[PDB]
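Starting off, we have a lone chain in the form deposited in one PDB entry, written out as structure tokens.
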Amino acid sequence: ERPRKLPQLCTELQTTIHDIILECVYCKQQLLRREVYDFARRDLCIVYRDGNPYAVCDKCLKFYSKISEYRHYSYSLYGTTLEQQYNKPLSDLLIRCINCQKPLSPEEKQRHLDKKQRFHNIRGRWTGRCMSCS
């Protein structure tokens, strides 16, 4: 199978994150350098169309994420219930911020537990909110 993360894609292409030219899977526009770095920091996955690798630009990521939330929101749970459902601590679960898509840190997940803030399920994806997205 093909590289799903930017570093492995960079290694296969013998390039670096500073140099790689990526296009958005949706709009096919070239990502700004800032968007390449953000893609890596948010731990997003390279997607393949017609055998070619693509990332995503910020405009399309926000557009389709907002659509997905507005159409496919399901229900919410407290963190302890997630831990019982999956039989794992929150630190071992991938829970992205609903606003910025970054995976939540363990401290942000513990903050949800302490402050009685529920996590939300959108299309089987569990989401919270990082600190920045207050």
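Numbering follows the first chain given and starts at 1. Think of the rigid core as the biggest set of C-alphas that the two forms share within 1.5 Å after superposition. First, how it differs from the form deposited in another entry.
- If you assign each C-alpha to whichever superposition fits it better, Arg71 and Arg96 land in different rigid parts between the two forms.
- Rotation of the smaller rigid part against the larger between the two forms, from C-alpha superpositions: 22 degrees.
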The other form holds:
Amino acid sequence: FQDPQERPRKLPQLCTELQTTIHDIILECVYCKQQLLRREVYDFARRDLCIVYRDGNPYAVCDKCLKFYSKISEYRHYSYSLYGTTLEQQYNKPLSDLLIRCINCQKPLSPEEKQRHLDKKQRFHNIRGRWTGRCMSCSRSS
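Since the structure above is the form deposited in one PDB entry, I would like to see how the form deposited in another entry looks, so please show that one next.
This part shows the chain on its own.
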């Protein structure tokens, strides 16, 4: 996997290339190098994350390492916050048309999660150009 203009970018294309399924693929975390649990493989795909190549090998990320680094990033690279309505007015699009990832797990927020923010009067955070919120699972426990 030499050039990035060829090698599979996301998990579904990687499965296709190896001629395997998401139920069978063996992946390791880019950080800790521990093999991902089957549930973590599914979460990597749900989070719409990119496969990261190191020394010509594909790597994913485990749940614990992703949350660890996502927290350090928010801490250091937080820019500013807006209420959902102000964000909609800024880009002249409903929240459903914007890419808002969970600040903790990176999962792109569902329309229901974006609506919870509006109802609960919870702000969205800008992390150096990236808009973030909080998913249902991370709203329970991060």
